[PDB]
Amino acid sequence: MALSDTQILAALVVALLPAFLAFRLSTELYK
Amino acid sequence: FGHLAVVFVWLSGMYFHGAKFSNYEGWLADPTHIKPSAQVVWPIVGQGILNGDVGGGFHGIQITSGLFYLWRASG
Amino acid sequence: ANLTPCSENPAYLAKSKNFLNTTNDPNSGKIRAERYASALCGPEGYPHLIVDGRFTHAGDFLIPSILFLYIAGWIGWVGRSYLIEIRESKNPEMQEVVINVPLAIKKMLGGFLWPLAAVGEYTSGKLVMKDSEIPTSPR
Amino acid sequence: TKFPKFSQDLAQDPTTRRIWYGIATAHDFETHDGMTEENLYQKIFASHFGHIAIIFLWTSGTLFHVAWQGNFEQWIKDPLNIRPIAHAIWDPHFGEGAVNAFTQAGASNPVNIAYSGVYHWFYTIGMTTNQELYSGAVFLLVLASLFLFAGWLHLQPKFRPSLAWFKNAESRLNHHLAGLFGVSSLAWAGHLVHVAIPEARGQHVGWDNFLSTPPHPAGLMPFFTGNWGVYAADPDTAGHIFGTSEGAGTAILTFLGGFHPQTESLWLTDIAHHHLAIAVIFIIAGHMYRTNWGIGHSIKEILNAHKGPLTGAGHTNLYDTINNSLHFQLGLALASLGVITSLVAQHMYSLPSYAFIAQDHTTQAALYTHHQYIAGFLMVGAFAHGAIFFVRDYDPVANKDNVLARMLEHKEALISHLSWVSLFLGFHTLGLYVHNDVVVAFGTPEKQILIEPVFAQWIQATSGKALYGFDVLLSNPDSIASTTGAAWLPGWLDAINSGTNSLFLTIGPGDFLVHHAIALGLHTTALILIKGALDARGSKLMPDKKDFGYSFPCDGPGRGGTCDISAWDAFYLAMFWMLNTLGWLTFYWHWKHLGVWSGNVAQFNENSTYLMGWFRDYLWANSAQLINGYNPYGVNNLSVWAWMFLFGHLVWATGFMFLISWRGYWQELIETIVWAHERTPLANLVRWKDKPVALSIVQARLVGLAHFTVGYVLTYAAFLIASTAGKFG
Amino acid sequence: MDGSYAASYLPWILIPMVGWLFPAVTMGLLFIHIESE
Amino acid sequence: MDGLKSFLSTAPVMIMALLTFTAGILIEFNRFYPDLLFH
Amino acid sequence: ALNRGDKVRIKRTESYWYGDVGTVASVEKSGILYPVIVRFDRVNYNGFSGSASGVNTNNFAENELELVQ
Amino acid sequence: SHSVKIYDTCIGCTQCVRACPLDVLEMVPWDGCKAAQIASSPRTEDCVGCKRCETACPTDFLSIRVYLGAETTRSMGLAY
Amino acid sequence: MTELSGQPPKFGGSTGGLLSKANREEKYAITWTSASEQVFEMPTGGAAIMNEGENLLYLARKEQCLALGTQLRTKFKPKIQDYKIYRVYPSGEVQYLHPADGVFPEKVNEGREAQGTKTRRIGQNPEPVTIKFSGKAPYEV
Ligand code: CLA
Ligand code: CLA
Ligand code: CLA
Ligand code: CLA
Ligand code: CLA
Ligand code: CLA
Ligand code: CLA
Ligand SMILES: CC1=C(/C=C/C(C)=C/C=C/C(C)=C/C=C/C=C(C)/C=C/C=C(C)/C=C/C2=C(C)CCCC2(C)C)C(C)(C)CCC1
Ligand SMILES: CC1=C(/C=C/C(C)=C/C=C/C(C)=C\C=C\C=C(C)\C=C\C=C(C)\C=C\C2=C(C)CCCC2(C)C)C(C)(C)CCC1
Ligand SMILES: CC1=C(C/C=C(\C)CCC[C@H](C)CCC[C@H](C)CCCC(C)C)C(=O)c2ccccc2C1=O
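Protein chains in written order, with the authors' numbering: chain M, 1 to 31; chain A, 77 to 151; chain F, 5 to 143; chain B, 3 to 731; chain I, 1 to 37; chain J, 1 to 39; chain E, 2 to 70; chain C, 2 to 81; chain D, 1 to 141.
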């Protein structure tokens, strides 16, 4: 009934793109 | 000389409180059991409870300066 | 009120049998035990004070209240008018450092007319200064 | 030097203070070289979206850790005895005692018992399995990525919002009252009646189930026609079990009043009907201000019409003051947020609306104290931005004779009367506490001044408490306001007369003195903050404080010596007061609820009236189980709070160094350390690029303030959590 | 110390990464940035 | 003693004499009438 | 246009004595900016820290003084 | 560097010039006071911001102001 | 002006003297003409024997040089009031700093210019609202 390892890895992959998008926002907020 | 007068009136107060308002002869009668006390408190607002039973029926505040043992050492 | 009076409280009647003697009078705890019987107590046996303004409990609050409101006003008036009568003699600084003690004793005795003198000074305009001749701070 | 990019005056000094000053002026966008008016607003808007994505990542992380490492499926089986789990422990420094003591709440891995209210929240929302709230965590990751993309695209020159869009106050106040406060509360009432209430009725409603079944069997048509009583046809009775179908009559909007007798919480149908009845009024009040359509209000004519004889020029030329500046808006926003955050705190302990959160006492204590410590921060920041508004963005030639200028004209009356009120409360609250403490010390506790708080007991009497016998306006059953036939009469009366819950607690003679103490802390903190805001422009010492700025160290030793002359330094002293009065009210709250939860109400009612009772039965007695978190014999699960206790003491005393000692000593010491590094033989290879100096005066003030604050917060979050988790866990 | 949950292997590498590998390269990149010209 | 009257009328000696007189009448009123919480 | 020893209220709006009365000690010659020497009885915040007193005399202008005599 | 601005309230009492231990202030001629001189600060890159000139000045809210601006090696007073 | 003529005074050596800033960024040098061989306390630390005639002393900050100039002008009965404080760069150039006009700044002379002098009171300063985003200062403009 608990979670699986593939759900945790999918959560890491689906949170990888907020890291890229926050990197884009931080870069354009610096300049 | 003025500060020496302040120390002499302080030392006079210690020997006078050990003479009049203490239990030095009572403590000298039984040094092991009863406890020294050289300050009696006037009961005014309920502070007569500060005069605890220091031993031998004498009430007062138990001194911790320990100059009673100085007096027994001097004689 | 939900508080039981001290005339019939069981915890207060259990605690009043061993009230401690405060002064050198050996019956001081007993006369305190019958003095505090008129007050009202909670579930602990200690006399509470009704302060709502009802006159049946005015002895708890209002009777000392106006008593202090005399004495503070007395001190305030003795401290105020004395400053006025040392606004000039020759130099107010030394007369504030050392006290002109006959003038101070005169004000200290005469200060018991303070509330009528307060309404008199408020009506004469010599109590509250104007809002323009006061040394304010810059905005 | 490239860092800092925004400041040119800090990119040229060779000292080490330019790193600190580049860090602490990174968000003050007004003092940036080369920033116009509209670039300020656009950088604020993109940074707003960055923060609104960070808060979604934080909520997604709480959701993901309850899904992954939390016993949420084992908590819903018996939520009265088992403990919730925040996350797991993976530091490699754990020995064997710290693993055998941290495997709590039935888990083979070392875990950490959650003391926030996320489990009772997620159970009251209707989440049952870990999969749906893991899917909520993935959804919040996508939503945070959406707001990150919004922050990126609102920095491009094509999608750059103009300054007149930010100045459009009436065209966003409507959408914040209707399209943000109304339709989102409308959607929350919809989620309540569709998912939260049927999961409290036992019916599992998911995303593949809500399109088929209706929440009410009567359908949507009784709302369209009328006669809405069928939506409150049969409520859940007193014999209802949460999460199951047992005595649970289906009706979605039932106004009952009072508590659910099984979960000690508010009825979920009452919550849904309340949110519908607030969403309607918010959408109604959102149609007030004028937009492109000619119907509505414009705030200039409302403000200019509120003149007066005693008021002066009223609120004339005041729309431009709020709309041009930003620290005025931030001060009003922080003030309103601070009052409603303390409203959250005062209504999440007396009116709990979560399943079985009135029994988890440590969770309620941690949530109340957290929201009060947020509210004190926001109130201090509201007044701090008021002082920044008076320094930077206040012009007396446009705000002529209005309420702001007339506020400034009598500042010597305002802060002197606050000085009077502070001395009035302080002299006599301390006078009564020392009088009580002396007469208890002399063995005569009958001589205590125990003033009965008859005003608050009168408020309880007109609220429903028939305990005190004051038959006034709600406790008297034949009153005008009692016999109205409203829905909330019998349930709220039986809830307020039940001496089990924490709603309208029995106010004794100690609470009179402690509420005067909180009035003292509030009046003195308001004294320092209003004195900082109104003397932000100038005073008799230096009337050019508008020219020096907000934060500056002093004005030398001349003219008496003006240490702590800025309005920043009035924030500085008021921060200590906000921590002090928040410590006062949270000591008072936690001791009152420790007397309530244990059933020993007589201990707080007898001992709180003097100061040694606080020092003995609260600080000395309740901290016995905290410091025994690690003995020489063994280690229990309260060891991390004992270590956090000593940690908080260490940071709280480390702030004393920056507070007491000042800069010139440390500069003379750093001269000697510089000499020792420049004359040590083998360390002449390694030389600094930036010249090391001591911390600046206002800077190390802020550092000592930060250590005082986080030291205070860490040692109190250690003690407040571990004492009531040692007593009830 | 182990993990009863799913993917117990993952904090075994994520705790030293965020403890050492993330702050060392963050302080390295920041010290290179704030001391350059 | 044209200077002793001025020294006995300085601010510390006069405020100490006034506080001694105030504490004296307070202690005497509390001895002859002790333990008055109210009226 | 003031004499030597007349009471006058100050309207400097940035000084320590703002609304307090002062006696004109002397009026100097014309041409200079602030000729009106005004003396007060209340000293201001002046000098180093812990100094026993400050200054009272000051040069003021003509258009910022309200004569009360 | 800091900015030492000297206003027209200066009476030419030259206390601030002999008080400043860095030789930034100096008396220039003027025609607006009895002393017919006013202080002036040409060497403002040597001023550390000690505000010792704002302790010896007789005017109300002293006629010389030291606005603490940028910092450098001279304005921070470093011998290293 | 460009060349420093003088002899070093008699001194045993100290630790608060010239650090590594002297051969890297700048240092200072005071030159004065003594009368006798008296004793003076240098701001570096300790006492030193002032040599007879024109002597030269290297210091690290300008404040130490002006503190020595105050000690030379007040704490001697033959009041030495002919000292010159130069600034020496590691490139070799020497800048005449004080009393570079030629006469002391305490007294007035013709040839100076009023730098940094305002024509208003401090109460007549402008407000920071009208110049809220110009980048200037409320005291400058
Ligand atoms: C326990 C410590 C303590 C105490 C008692 C006070 C007390 C006070 N502070 Mg305070 N403060 C403190 C710590 C403390 N502060 C700290 C740590 C800070 C952070 C730096 C501040 C910052 C601060 C600010 C910024 C301000 C105050 C102000 C005040 C005063 C008004 C508030 C009040 O409650 O009315 C009165 C309460 C009292 C308790 C006064 C009674 C004091 C004694 C008991 C009087 C009895 C006389 C005494 C026995 C005579 C001594 C005799 C001896 C020589 C033998 C009050 C005197 C304000 C002020 O003074 O303006 C109104 C103000 O603006 N405080
Ligand atoms: C007797 C002179 C006198 C008078 C009439 C007043 C009157 C007043 N003061 Mg006050 N004050 C005084 C002396 C006096 N003060 C002194 C000596 C001090 C220094 C300790 C203060 C410190 C003080 C503060 C800090 C504050 C006031 C405030 C106030 C106002 C509100 C009432 C109040 O709180 O007072 C209560 C008085 C006190 C708390 C202190 C006074 C206590 C002394 C013991 C009173 C007697 C002084 C003197 C020895 C008597 C002279 C007698 C003469 C024959 C020699 C009121 C107008 C408040 C204000 O601004 O209101 C808007 C306020 O915040 N006062
Ligand atoms: C020598 C002592 C020591 C050390 C080194 C640690 C170390 C750690 N403990 Mg720990 N612990 C200790 C003693 C110690 N403990 C003791 C005595 C107890 C009591 C028994 C505990 C109880 C305990 C518990 C109960 C838990 C830990 C956890 C952890 C880990 C934190 C996870 C992490 O890296 O987050 C990153 C660390 C932080 C975010 C904190 C740093 C905050 C910084 C300073 C503020 C921000 C600075 C700046 C703004 C941003 C950074 C700048 C930078 C990027 C350049 C970490 C490995 C946790 C764990 O296992 O992880 C899940 C955990 O749950 N510990
Ligand atoms: C329907 C249209 C709509 C909507 C939904 C929004 C929504 C928003 N706008 Mg916006 N705006 C709009 C139209 C709209 N705008 C228009 C037409 C304009 C034209 C000029 C603007 C101009 C504008 C500006 C200039 C700014 C925003 C900003 C914002 C955001 C700030 C609100 C926030 O984060 O807290 C939302 C808070 C709540 C919904 C609740 C408030 C707190 C309540 C009252 C507390 C009590 C209940 C509480 C929820 C209980 C909690 C329980 C717990 C368990 C959760 C928000 C996302 C700001 C921004 O960028 O921030 C990101 C900003 O600076 N807007
Ligand atoms: C809605 C919230 C909000 C917002 C948007 C702002 C926004 C602003 N504030 Mg502000 N403020 C707020 C709330 C807010 N404030 C509150 C609640 C307070 C009271 C506490 C203040 C007090 C305050 C002061 C006193 C000042 C500002 C200033 C400013 C401006 C510049 C900020 C800056 O550069 O900081 C830069 C950021 C920092 C310096 C970071 C410091 C905070 C760190 C994180 C605290 C350290 C905690 C520690 C790491 C925890 C350790 C935990 C564990 C490891 C042990 C900016 C407009 C300044 C201004 O306008 O004048 C220049 C200013 O002087 N604010
Ligand atoms: C902000 C919320 C938040 C917080 C406080 C934490 C905290 C923690 N997580 Mg975590 N996590 C989060 C969100 C969060 N997580 C999200 C959204 C995910 C999904 C990808 C994960 C996935 C995750 C895994 C898979 C693991 C942890 C673990 C841990 C623990 C050790 C630290 C670590 O290795 O993290 C490293 C985390 C990552 C590499 C991915 C998450 C990074 C998030 C998305 C960034 C958060 C942004 C943040 C607000 C920025 C702060 C800025 C501020 C300094 C100014 C620590 C308790 C470990 C653990 O349980 O050890 C016992 C572990 O194995 N987390
Ligand atoms: C927050 C994160 C964190 C983490 C995860 C740790 C973890 C650890 N600490 Mg530690 N510590 C921390 C913070 C942290 N600390 C802080 C903040 C402090 C200051 C208070 C300390 C102070 C401290 C002390 C004083 C000691 C430890 C020790 C230890 C270790 C105990 C077991 C041991 O001997 O390891 C053995 C050592 C290691 C595992 C070192 C790592 C070497 C790795 C295996 C080599 C990998 C390099 C590889 C070639 C590069 C790969 C490239 C990459 C991209 C893949 C353990 C690894 C103890 C110890 O002996 O550590 C040396 C010890 O005495 N710590
Ligand atoms: C400085 C400054 C500032 C700040 C300020 C602030 C911060 C304030 C706050 C304030 C506040 C914080 C206030 C609040 C208050 C409120 C109130 C006061 C309310 C009341 C209400 C009422 C009264 C109601 C009634 C009732 C009751 C009570 C009960 C029953 C029910 C009813 C409803 C009937 C600003 C920003 C402006 C800017 C400028 C400057
Ligand atoms: C009865 C009672 C009560 C009530 C009270 C009240 C409500 C109050 C109010 C109060 C108020 C509402 C007040 C007002 C005031 C105002 C003013 C305006 C004042 C005046 C003052 C002055 C002016 C001063 C003067 C003086 C004097 C008189 C003396 C001395 C000197 C002096 C100068 C200080 C209670 C409930 C508590 C309780 C019971 C009883
Ligand atoms: C100790 C002390 C110093 C000396 C402070 C120094 C020398 C700073 C040294 C800081 C060391 C390097 C520790 C800094 C690291 C901290 C953990 C903070 C981390 C860095 C942040 C950027 C995150 C002062 O300069 C000072 C000035 C004014 C009043 C009081 C004091 C004061 O008390």
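Because the hints were derived from the structure by calculation, they are not lab data.
A virtual CB, placed ideally from N, CA and C, is assigned to each residue, including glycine.
Accuracy of the hints is not assured; some may be wrong.
[Unchecked claim] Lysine to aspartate or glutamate pairs mimicking DMTMM-like chemistry, simulated, CA-CA at most 20 Å apart:
1. F:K134 x E:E29
2. B:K413 x E:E67
3. D:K21 x B:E673
4. D:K27 x C:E46
5. D:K27 x C:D32
6. D:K27 x B:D692
7. B:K548 x D:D101
8. D:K136 x B:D11
9. D:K136 x B:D395
10. B:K691 x I:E37
11. M:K31 x I:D2
12. D:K132 x B:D395
13. E:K30 x C:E46
14. D:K79 x C:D9
[To be verified] Each pair of labels, with its calculated beta carbon distance range:
15. B:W664 x J:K5: 43 to 51 Å
16. B:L613 x I:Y9: 30 to 38 Å
17. B:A240 x I:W20: 24 to 32 Å
18. D:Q81 x B:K691: 37 to 45 Å
19. J:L36 x E:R43: 39 to 47 Å
[As the list claims (entries may be wrong)] Example chain B residues on the side facing chain D (calculated, C-beta under 7 Å, incomplete):
20. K160
21. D397
22. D546
Verification of the hints:
no.: 1; hint: F:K134 x E:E29; in the structure: violated, 32 Å
no.: 2; hint: B:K413 x E:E67; in the structure: violated, 24 Å
no.: 3; hint: D:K21 x B:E673; in the structure: holds, 13 Å
no.: 4; hint: D:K27 x C:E46; in the structure: holds, 15 Å
no.: 5; hint: D:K27 x C:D32; in the structure: violated, 39 Å
no.: 6; hint: D:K27 x B:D692; in the structure: holds, 19 Å
no.: 7; hint: B:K548 x D:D101; in the structure: violated, 37 Å
no.: 8; hint: D:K136 x B:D11; in the structure: holds, 12 Å
no.: 9; hint: D:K136 x B:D395; in the structure: holds, 15 Å
no.: 10; hint: B:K691 x I:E37; in the structure: holds, 11 Å
no.: 11; hint: M:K31 x I:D2; in the structure: violated, 45 Å
no.: 12; hint: D:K132 x B:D395; in the structure: holds, 8 Å
no.: 13; hint: E:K30 x C:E46; in the structure: violated, 38 Å
no.: 14; hint: D:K79 x C:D9; in the structure: violated, 34 Å
no.: 15; hint: B:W664 x J:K5: 43 to 51 Å; in the structure: holds, 46 Å
no.: 16; hint: B:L613 x I:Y9: 30 to 38 Å; in the structure: violated, 55 Å
no.: 17; hint: B:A240 x I:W20: 24 to 32 Å; in the structure: violated, 58 Å
no.: 18; hint: D:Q81 x B:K691: 37 to 45 Å; in the structure: holds, 42 Å
no.: 19; hint: J:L36 x E:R43: 39 to 47 Å; in the structure: holds, 46 Å
no.: 20; hint: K160; in the structure: violated, 24 Å
no.: 21; hint: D397; in the structure: holds, 4 Å
no.: 22; hint: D546; in the structure: holds, 5 Å
In this structure, the earlier hints numbered 1, 2, 5, 7, 11, 13, 14, 16, 17, 20 are contradicted, and the remaining ones agree with it.
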